[PDB]
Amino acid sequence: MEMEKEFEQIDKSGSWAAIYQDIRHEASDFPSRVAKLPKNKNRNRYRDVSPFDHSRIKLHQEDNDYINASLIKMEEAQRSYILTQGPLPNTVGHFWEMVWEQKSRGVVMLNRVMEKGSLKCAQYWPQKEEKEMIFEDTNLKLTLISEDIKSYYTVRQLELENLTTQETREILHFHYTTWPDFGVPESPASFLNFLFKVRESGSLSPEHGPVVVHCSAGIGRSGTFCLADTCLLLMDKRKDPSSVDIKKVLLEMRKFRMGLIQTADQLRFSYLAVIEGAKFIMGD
């Protein structure tokens, strides 16, 4: 069923809450035993959001290999993503260790450091060229190279240095700065424009490790980003684009991380973004 017609059907009947609850009911449940060990309590931002054991990212260190992050591997679309929580004061060094070990090119950030008067993630990158950051626990140095501030997003060039080997890499930071404190955007135009800028940079492409994407918990805005991308890519690839079923794609992605798409308003926005974005994929 063409999603655009499905969309008007749900909208006129006002059943978004009922659709969303069906998804929550049918979603996978796998163990997350490592996340729940007592030695990891200060590595989790929220008690109710954990990576499944089968899909978690492992840090390459013998001490403690745990980080709240998951590998979402989309086999038909041929895309992979790492979804993670906003880093905590005690995990900023683990976060950049993961970026290094997984060979990522880009970091995608969908929240502000402070929202609703409260801190949603640590200030984990440097704000001035001449004031670099050193992560002593993981032996990394991070320097701000340049910054381009636009009306709806900021793109930063960063240099990450492995202090053990003195290798350096360029990391691109894509920061969407205008998601509202409550609710979802009224139009998907600026979110789609952001997604295409990430794509154009090479950060989503198979010559690099998976992109790292995060918000505060790493499941809501982050889920919207990867669901819209994968759905638009499948519409590009298939003979019949109307065969793409966003609810089935979302359930496949929830085999790899719990809770993706947090509200019925986020589900509706995901539909809207894919519908409007297809009016470029089909050729515009």
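Residues that one form lacks are left out of the comparison. So that the term is clear: the rigid core is the largest set of C-alpha atoms that superpose within 1.5 Å between two forms. Positions refer to the first chain, counted from 1. What changes on going to the form deposited in another entry:
- Looking at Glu130, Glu75, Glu136, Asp181 after a core superposition between the two forms, you find that only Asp181 has a C-alpha shift of 2 Å or more.
- After superposing on the rigid core, the stretches of 3 or more consecutive residues whose C-alphas move by 2 Å or more between the two forms are 180-183, 238-241.
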Second form
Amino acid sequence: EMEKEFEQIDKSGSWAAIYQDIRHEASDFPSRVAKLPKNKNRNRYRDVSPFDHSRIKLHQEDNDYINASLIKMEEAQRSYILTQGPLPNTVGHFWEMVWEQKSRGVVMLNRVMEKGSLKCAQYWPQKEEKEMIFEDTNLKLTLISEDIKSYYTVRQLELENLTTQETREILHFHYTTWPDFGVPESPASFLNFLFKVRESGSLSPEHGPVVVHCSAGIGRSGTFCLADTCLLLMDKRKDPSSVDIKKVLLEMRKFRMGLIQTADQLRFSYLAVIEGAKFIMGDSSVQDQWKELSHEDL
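The structure above corresponds to the form deposited in one PDB entry; please give the structure of the form deposited in another entry next.
Excluded here are partners and other molecules; the one chain stands alone.
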């Protein structure tokens, strides 16, 4: 039982030790393509790279490299693409990836400016009438509508392959109050957001993997995917006790380094999963309680 483990860790005050255990046990796979000289300006952080074996390849012949990883959760039957916040020179690559991987949703967990610094390029249009054209990858992106809540915004975007004139609807889910190296304000606000993503169909198997990012695509991004996968696993057999959060996180870290960047993000992950279990185990009313507690209106 995660809940009993939680209290044990809390009482002994050992979150930092548990977290360091995870760091020491985590997989170490090569990331040679990320470290090629020609890719230096495609990485935002020198010490965050995709492993070679799980990296997403762009379907282009010039340079197929993007700092993005496929996190394929076999037992849960859900995949995610985790990526860094795109750079000015990789915004075209970013949308190329979305197109090629057939994703329906993009989950953004950071602000463009955080702690006085630019953490992400402004990679989507903010006004309907000012669409973006990415000339390197032959794609056009138009804002269709937006739904602004108090701590997150949902945007409907239209992505068009200019070569073929096919179009796709992309949903952009922007969490705007989640601090860098920090945690959401509450389990309720995070779970309300996660369920909003789930209820859009973006995580569904008929679509490509959802794209999840923050600035580096490991800390906040890891917390989002860890909670989702743990809840899905529980949903499968209706058996909360069958889920070992730490082992799930280590599996995920087989596909991208560094997932969950602080011991407090780990602790938040437990809280979110424990609370989300109420819904999975049949108390549907808790969804509405989270909406109210999140104070999303205005």
